Amino acid sequence: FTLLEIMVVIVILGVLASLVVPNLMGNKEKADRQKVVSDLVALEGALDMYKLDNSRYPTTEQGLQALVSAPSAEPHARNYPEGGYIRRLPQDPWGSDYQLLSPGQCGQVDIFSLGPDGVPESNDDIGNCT
Amino acid sequence: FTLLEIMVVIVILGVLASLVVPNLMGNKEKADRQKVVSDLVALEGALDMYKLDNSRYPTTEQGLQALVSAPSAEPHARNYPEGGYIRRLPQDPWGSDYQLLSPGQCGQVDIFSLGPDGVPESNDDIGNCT
Amino acid sequence: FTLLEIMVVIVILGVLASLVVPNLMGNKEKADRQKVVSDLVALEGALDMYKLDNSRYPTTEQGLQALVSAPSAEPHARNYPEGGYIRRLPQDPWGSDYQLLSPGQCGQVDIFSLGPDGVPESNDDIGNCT
Amino acid sequence: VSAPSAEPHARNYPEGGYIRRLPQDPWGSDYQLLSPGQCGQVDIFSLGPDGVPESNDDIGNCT
Ligand SMILES: [Ca+2]
Ligand SMILES: [Ca+2]
Ligand SMILES: [Ca+2]
Ligand SMILES: [Ca+2]
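In order, the protein sequences belong to chains B, C, A and D.
Heads up, the first sequence is in PDB author numbering, so the first residue is 1 and it goes up one at a time.
Heads up, the second sequence is in PDB author numbering, so the first residue is 1 and it goes up one at a time.
Heads up, the third sequence is in PDB author numbering, so the first residue is 1 and it goes up one at a time.
Heads up, the fourth sequence is in PDB author numbering, so the first residue is 68 and it goes up one at a time.
Any given hint could be a false lead.
[Unchecked claim] Keeping only pairs whose Cα atoms sit at most 30 Å apart, straight-line, the calculated DSS-like set for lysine-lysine is: (1) B:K35 - C:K28; (2) B:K51 - A:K51; (3) B:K30 - C:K35; (4) C:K35 - B:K28; (5) B:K35 - B:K51; (6) A:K35 - A:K51; (7) C:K51 - C:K35; (8) A:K35 - B:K35; (9) B:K28 - A:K30.
Simulated from the structure, these hints should not be mistaken for lab results.
One chain only, chain B, in its complex shape:
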């Protein structure tokens, strides 16, 4: 009640807590990649839609928000659909949006972000080619 009720359990406690190793830490960091890589095709593929109706892409200062809402800064868009070509803007969860480039150096458009490092254009400058 004092010893058997305790001593037997002290062992069972450590014996239990000792051989219970669930998993690692950092698997979410790997997930951050595909979350952004998923955006890549989704970004360019979505921009291509706007590149079809208005026959071109939005400006840097015009930002991806133009894909979210009608491009107030000129040039204006024709047959801009409801809410643009996206429901909402994917916010990079490190305090940054997906900064597009007008014109892109790897093609028609380039996109960039701080990324997990939280630094602009250092190592986690992903968003397109580089």
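Use these hints to put chains C, A and D with the ligands onto chain B, whose structure you have.
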């Protein structure tokens, strides 16, 4: 048997119970968010299916139950699949369902619920944009 | 606190961990197929575009990179579009690219790769007909 | 759990089927499926904690 059997254990009891601090309380509340955020894409994405066959979304009074069962209140749906586009209706565990809006103010459709606060349209009005 | 706090839980632990069987392993391997099969039409269909402007296909050593960038190795291409007929080159995730053949034995062109086996021209020689 | 011996036969049945092992309900029962389900394509049932078939603890799917 009376002192060693006890006094030694009284210490072991408190020494054990003192330095055993497992965790916090409230982690489940954080989980309630993703549980609802998971619905968000699942809700709109599922509604989009109905927006394809019948080329439109169900009415407010028609509710999300139309996604569960054939929409009895008109307009009627074409090629409505078996059991609609969902197995069962996700019940918000605070006494509320996911009230859709016909038409949505943030787009084609808007969804709302009481939420953890259990209040209608106060702070936990999540279900879509707002 | 020592027995009820433990013994009841030891059961709940095993009772829980025992009847929680989520899924299999190897489903991704099945996905590797369609990922490559998706390339097949995308490869030949994309090459056909180059077969239109320059009225022919790129050379083996010229590789699919010619579809990525202007074909430096002659013959030269006419009206080669921006960045060629593709954004980027699909890299087979087993240390190999999609080796084209100039001329193909199953037609105008043939493509090959190591594949999941990681072996050249053994079993996972997919990329076109064979 | 294993390839369906009773016909109809399955195509591209993966290794060991779609599960490691069968979850045994710890009250002397397995998860009895229904062919075809009344709440949809398939329905599942079990004795449950009551240990009674189709009384109160008939969970396994919709009902
Ligand atoms: Ca950076
Ligand atoms: Ca509220
Ligand atoms: Ca091979
Ligand atoms: Ca029963």
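>> Could you work out which of the previously given hints the structure breaks and list their numbers from low to high?
In response: No hint contradicted; all consistent.
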